[PDB]
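A.B. asks: Given the structure of chain F, go ahead and fit chain Y onto it with the hints provided.
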Amino acid sequence: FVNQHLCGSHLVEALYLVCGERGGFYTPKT
Amino acid sequence: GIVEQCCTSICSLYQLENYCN
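Line by line, the protein sequences are chains F and Y. Take 1 as the starting number for the first sequence in our numbering and just add one per residue. Take 31 as the starting number for the second sequence in our numbering and just add one per residue.
Mixed in with the good hints there might be a few duds.
Said to hold, decoys possible - Per label pair, the in silico range of CB-to-CB distance: (1) Y:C50 x F:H5: 18 to 28 Å; (2) F:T30 x Y:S39: 25 to 35 Å; (3) F:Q4 x Y:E47: 11 to 21 Å; (4) F:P28 x Y:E47: 16 to 26 Å.
Said to hold, decoys possible - Stretch by stretch, here's where chain F covers chain Y in the computed footprint (C-beta under 8 Å, at least three residues): (5) 31–39; (6) 42–51.
Just so you know, these hints were derived from the structure itself, not from any lab. Even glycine gets a Cβ: it sits at the ideal position worked out from N, Cα and C.
Only chain F is shown next, with the shape it has when bound in the complex:
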């Protein structure tokens, strides 16, 4: 785990990581 601040970008690929399939990033659109 990391104990830093995640902002505008990391945040997107943090939430979209949980929702970043099994080696994906996004789904519906591109």
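C.D. replies: Frame of chain F; chain Y shown alone:
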């Protein structure tokens, strides 16, 4: 906020796990 949370301070692995819709 809940997105600003993780940027202003440190957060968990559950909060944003529900903010990806």
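A.B. asks: Could you run down the list of hints and mark each one as holding or not?
C.D. replies: Each hint tested on the structure:
Range check, Y:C50 to F:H5: about 19 Å between beta-carbon atoms, so the 18 to 28 Å window is met. At roughly 32 Å, the beta-carbon separation of F:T30 and Y:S39 lies within the given 25 to 35 Å, and the hint holds. Separation of F:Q4 from Y:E47 is about 18 Å and conforms to the stated range, judged on CB atoms against 11 to 21 Å. The hint said 16 to 26 Å for the Cβ distance between F:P28 and Y:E47, and at roughly 18 Å that hint holds.
Look at the segment 31–39 of chain Y against chain F: 5 of its residues bring a Cβ nearer than 8 Å to a Cβ of that chain, three or more, so the hint holds. Interface restraint, the segment 42–51 of chain Y with chain F: holds (6 residues with C-beta to C-beta distance below 8 Å; minimum three).
Figure legend: structure checked against the earlier numbered hints; every hint is met.
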